[PDB]
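Let's start with one chain on its own, the form deposited without radicicol, as structure tokens.
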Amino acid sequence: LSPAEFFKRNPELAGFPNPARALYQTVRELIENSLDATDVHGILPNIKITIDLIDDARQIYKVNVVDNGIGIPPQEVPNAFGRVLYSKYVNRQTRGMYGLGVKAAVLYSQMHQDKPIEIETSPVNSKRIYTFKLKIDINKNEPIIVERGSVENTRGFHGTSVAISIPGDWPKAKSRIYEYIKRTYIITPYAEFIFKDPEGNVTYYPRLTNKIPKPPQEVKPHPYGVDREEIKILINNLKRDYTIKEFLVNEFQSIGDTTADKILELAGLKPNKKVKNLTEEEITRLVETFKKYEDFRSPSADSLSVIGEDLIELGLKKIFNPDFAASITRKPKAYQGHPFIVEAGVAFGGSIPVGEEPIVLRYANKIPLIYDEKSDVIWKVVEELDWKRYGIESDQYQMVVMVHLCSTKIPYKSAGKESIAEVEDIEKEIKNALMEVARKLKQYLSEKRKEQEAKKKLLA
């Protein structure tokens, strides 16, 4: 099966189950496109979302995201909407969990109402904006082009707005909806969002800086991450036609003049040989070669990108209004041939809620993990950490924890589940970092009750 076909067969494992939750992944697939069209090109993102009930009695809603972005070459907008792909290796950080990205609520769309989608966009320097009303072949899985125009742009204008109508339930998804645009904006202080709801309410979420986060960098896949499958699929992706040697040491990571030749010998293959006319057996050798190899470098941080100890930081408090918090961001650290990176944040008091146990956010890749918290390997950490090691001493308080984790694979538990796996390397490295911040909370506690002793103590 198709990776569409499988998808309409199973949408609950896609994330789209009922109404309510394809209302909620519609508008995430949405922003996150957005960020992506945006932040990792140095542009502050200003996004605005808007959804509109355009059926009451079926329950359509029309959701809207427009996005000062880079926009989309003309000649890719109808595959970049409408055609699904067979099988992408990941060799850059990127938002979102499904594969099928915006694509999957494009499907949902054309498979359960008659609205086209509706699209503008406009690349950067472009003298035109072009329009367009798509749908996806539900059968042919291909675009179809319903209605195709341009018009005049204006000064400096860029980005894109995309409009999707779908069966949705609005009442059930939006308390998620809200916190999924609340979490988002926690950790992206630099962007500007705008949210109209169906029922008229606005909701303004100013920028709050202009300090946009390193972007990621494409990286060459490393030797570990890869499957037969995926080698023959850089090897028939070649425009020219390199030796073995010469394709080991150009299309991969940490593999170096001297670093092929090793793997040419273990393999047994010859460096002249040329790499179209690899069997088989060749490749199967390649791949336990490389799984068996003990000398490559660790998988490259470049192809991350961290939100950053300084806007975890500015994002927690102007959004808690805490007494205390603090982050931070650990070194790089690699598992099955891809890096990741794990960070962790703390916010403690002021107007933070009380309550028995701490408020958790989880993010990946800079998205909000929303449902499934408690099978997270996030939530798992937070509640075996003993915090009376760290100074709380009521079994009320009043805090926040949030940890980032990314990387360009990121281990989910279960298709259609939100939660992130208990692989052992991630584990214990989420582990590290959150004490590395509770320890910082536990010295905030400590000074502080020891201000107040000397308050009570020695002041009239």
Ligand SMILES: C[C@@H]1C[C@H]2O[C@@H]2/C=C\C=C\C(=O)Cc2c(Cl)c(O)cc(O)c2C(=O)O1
Second form
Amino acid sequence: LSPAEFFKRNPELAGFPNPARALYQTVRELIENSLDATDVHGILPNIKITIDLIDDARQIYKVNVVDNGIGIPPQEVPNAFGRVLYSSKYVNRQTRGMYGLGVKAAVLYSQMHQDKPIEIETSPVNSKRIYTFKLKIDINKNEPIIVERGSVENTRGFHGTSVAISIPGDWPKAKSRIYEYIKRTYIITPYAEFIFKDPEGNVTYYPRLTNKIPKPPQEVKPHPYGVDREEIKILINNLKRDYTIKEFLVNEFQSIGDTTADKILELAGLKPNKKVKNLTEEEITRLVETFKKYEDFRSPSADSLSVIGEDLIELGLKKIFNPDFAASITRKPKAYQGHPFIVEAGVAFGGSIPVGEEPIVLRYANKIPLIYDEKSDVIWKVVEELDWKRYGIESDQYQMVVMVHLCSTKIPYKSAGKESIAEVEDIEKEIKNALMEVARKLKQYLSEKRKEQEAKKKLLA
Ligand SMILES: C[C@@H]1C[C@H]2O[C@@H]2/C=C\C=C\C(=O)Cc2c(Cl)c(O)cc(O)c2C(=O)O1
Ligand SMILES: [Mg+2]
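Can I have the other form now, the form deposited with radicicol bound, not the form deposited without radicicol?
Next comes the full complex, and the chain you just saw is listed first.
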């Protein structure tokens, strides 16, 4: 089965189990693409989200997201929305989203269940025109249908993209989590500005708090430990030139210089000067084996990642929660299974945060909030296992928010269609190390606060 056909038969595994989640997920995919279109490219995100109930009896909603990002070259638009790829591309740059189909899952669901086309308007940086489309995915042929295509004259300095998708939804069911999704995005994106207008006509405004944008992720070449047979054939098939196996190793991968390639070639039983387009199955097998076994690669480069940053984590926590204290940490990068990863953690304490018997726990993966399935997440487990009395929290009731961000070019999820990060040992170890680091900052704060109260009580009239 193709991913498109696997989606159609198993949409509950892809974040579309029912209309309430479809509505939520569509909003997510559009917001995530709008952010990747803006901040990855040095642009402060100015994003408008509207949701309208367009057919009351059938509970059809139109979701419209508008951004100021870099736009889509018109020639790429039909395949971007209307052609599901036959396999996921190897990830070489950090991007927002759990789901391989991205917006294409919203488009499929739209075309499966109702009759309006998708509406797209886009203007690439410096374009003299805005390109407009009404589009469908052919649900049988997995190909775009262009219903309407046109353009209008652009205005000074305008660039970006508008997408509207009509779909079955359930606003009353989805409402609180859509709001929470947006809030939690805003917390770690205080340089974005959002406007959200809901189906009931409520308007929420999330103003820009800063103009500081974190360093973007950069494309890297794949790390040898991350690739299997199929991925190597893909790399071979994609070559524009007639590289030798040696040239292939040195130029298509991370961490293979001249000497390393030589050693790899020797261990693999390959001729350096054989043309790599001629690699046989047996030869690929030995190469992959040699890759898995080789002990002398540098770690996967973290150049492909982008953190939120301690400064922004703290600013977001403080502005949203108005706590008495906030702290954060951005850890040094680690790696696993051929991909780099970074953990960040944050804590906000006291002030306007509600009293509870447990912390408010915020989970992020590649800068997207995880919303469902929180009790099965490795992040939830770590926070729950930590003994807060060791870090200065004395009462059974307290006001605390804890956040953890994992970013990687390969986030491990427990189950398709669930929003929980898997309990991978090396990732759990690092999340725990991060949390402890921030918790020590909190312990210091509480110890200083307590000494100060004691001093006033005992020494001041
Ligand atoms: C090509 C550009 C910039 C890329 O960074 C964006 C990441 C993913 C985008 C995938 C798309 O299919 C086009 C797109 C969509 Cl669907 C959207 O909802 C909002 C957008 O702003 C863009 C866009 O302009 O995409
Ligand atoms: Mg995405």
